[PDB]
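Chemist: Spelled out, the chains give:
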Amino acid sequence: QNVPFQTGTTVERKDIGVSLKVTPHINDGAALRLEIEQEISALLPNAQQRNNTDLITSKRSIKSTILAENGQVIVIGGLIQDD
Amino acid sequence: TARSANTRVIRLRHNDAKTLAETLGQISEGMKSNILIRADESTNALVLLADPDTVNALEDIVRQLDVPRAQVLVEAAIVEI
Amino acid sequence: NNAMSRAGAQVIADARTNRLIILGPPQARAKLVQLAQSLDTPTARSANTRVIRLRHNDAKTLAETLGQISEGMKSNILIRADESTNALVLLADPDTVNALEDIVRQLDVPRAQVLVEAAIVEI
Amino acid sequence: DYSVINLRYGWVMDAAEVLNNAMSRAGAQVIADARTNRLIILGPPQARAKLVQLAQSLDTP
Amino acid sequence: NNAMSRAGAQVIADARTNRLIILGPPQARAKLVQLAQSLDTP
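Protein chains in written order, with the deposited numbering: chain U, 433 to 440, 454 to 528; chain S, 241 to 272, 288 to 336; chain F, 193 to 198, 205 to 272, 288 to 336; chain G, 174 to 198, 205 to 240; chain H, 193 to 198, 205 to 240.
With the rest of the complex left out, here is chain U:
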């Protein structure tokens, strides 16, 4: 989805949902470079305060720059949270 959000009322449009922005850099051969900006947003109906849409605009947002090999499933990021 694409939602509004207040910047005052002077609201503004803003995108919510799965997203991916790649920029490669390619050698003549192996070992490509990637500039990844991946994210997963959401939107929350449950925990609403006395205010506007509590837009989970990042729920994951990894903005990294890696250098991979052209058939190799690799791991970019992670989170293990125990409580």
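None of these hints come from the bench; they were simulated from the model.
Do not take every clue at face value.
[Unchecked claim] One side only, chain G facing chain F, incomplete, derived with CB under 8 Å:
{"no.": "1", "residue": "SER176"}
{"no.": "2", "residue": "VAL177"}
{"no.": "3", "residue": "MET186"}
{"no.": "4", "residue": "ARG214"}
{"no.": "5", "residue": "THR215"}
[To be verified] To be clear about the criterion: a stretch of chain U counts as covered by chain S if any three or more of its residues have a C-beta under 8 Å from a C-beta of chain S, and this derived list gives those stretches:
{"no.": "6", "segment": "463-470"}
{"no.": "7", "segment": "474-486"}
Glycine is no exception: its CB is placed at the ideal position from the N, C-alpha and C atoms.
Position chains S, F, G and H relative to chain U; hints supplied.
Modeler: The following block gives chains S, F, G and H in isolation, referenced to the frame of chain U:
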């Protein structure tokens, strides 16, 4: 006789004409009795005017700067439990 | 004009039709037609250029540095860039070509990666 | 006598001031070609031979 | 050039190939090749 019909027209692939034309104009001082490389962004072409040795040298430049580039299919995956 | 010592014979140029009118001895005619036939042969400052692809580096970024070091390799020296195919156009004598290849082969390396695992414990 | 020689790496631009002063203060002469790197020398045969040898040592990096 | 007093002998430089062409007496040749061999020392 000479300095007559010593010109050349080059089509370009995977490159703009003016973008390479600035670089060829900036390297063509060292190939200098006259040398003229101008561009055309409509049909993406390049007009050369040079002696045939310089014509062959600029063809060697052009044939090694017009390549099909490479593509990546990126599959990012996210698992959450 | 200086073929005859300090004149006698004469020489007249035509730069439009590339003609030579010489007024003198027949042996200077013959030997300098032979020097003409050796003289209209192509030779040096011809096909002394180079094209270099780059890896892990931009072309213009290294091109400023090579242009700022290439005064000390100077009879002419020309390194220009291309950011489209990331390439580098060299024009130099072959010793200077080999020296700039030694520069380039030691400035284009695959860089290194870090996996950082930060951890936070609170009791 | 008159002759013309090549150069592999040598420059007639640098060697012109050399060979003009190769004979003392002229006699012999020397003529440069910086497009085709040619050398036309008009003089004694031993200066020819010794300076072709200096050319062959001179076009070395 | 000032090795001989005020000329006679001559001296010719090559700053590209670092050559020295000297036209004169053999003892000035020998002593100044020795000064060259002491002269090209840091």
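Chemist: Against each hint, give a clear statement of whether it holds in the structure.
Modeler: Here is how each hint holds up against the structure:
1. A least Cβ separation of about 10 Å between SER176/G and chain F goes past the 8 Å threshold, and the interface hint is therefore violated.
2. The closest approach between the C-beta of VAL177/G and any C-beta of chain F is roughly 6 Å, which is under the 8 Å cut-off, so the hint is satisfied.
3. With its C-beta approaching chain F no nearer than about 7 Å, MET186/G sits inside the 8 Å limit, and its interface hint holds.
4. For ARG214/G, the interface hint holds, the least distance from its beta-carbon to any beta-carbon of chain F being 7 Å, beneath 8 Å.
5. Using the Cβ-Cβ criterion of 8 Å, the hint placing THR215/G at the interface with chain F is satisfied: the shortest such distance is roughly 4 Å.
6. Counting residues of the segment 463-470 of chain U whose C-beta sits closer than 8 Å to any C-beta of chain S gives 3, which meets the bar of three, so the coverage hint holds.
7. Restraint check on the segment 474-486 of chain U versus chain S: 5 residues with Cβ-Cβ distances below 8 Å, three needed, restraint holds.
When each numbered hint is compared with the structure, a violation occurs for hint 1 only.
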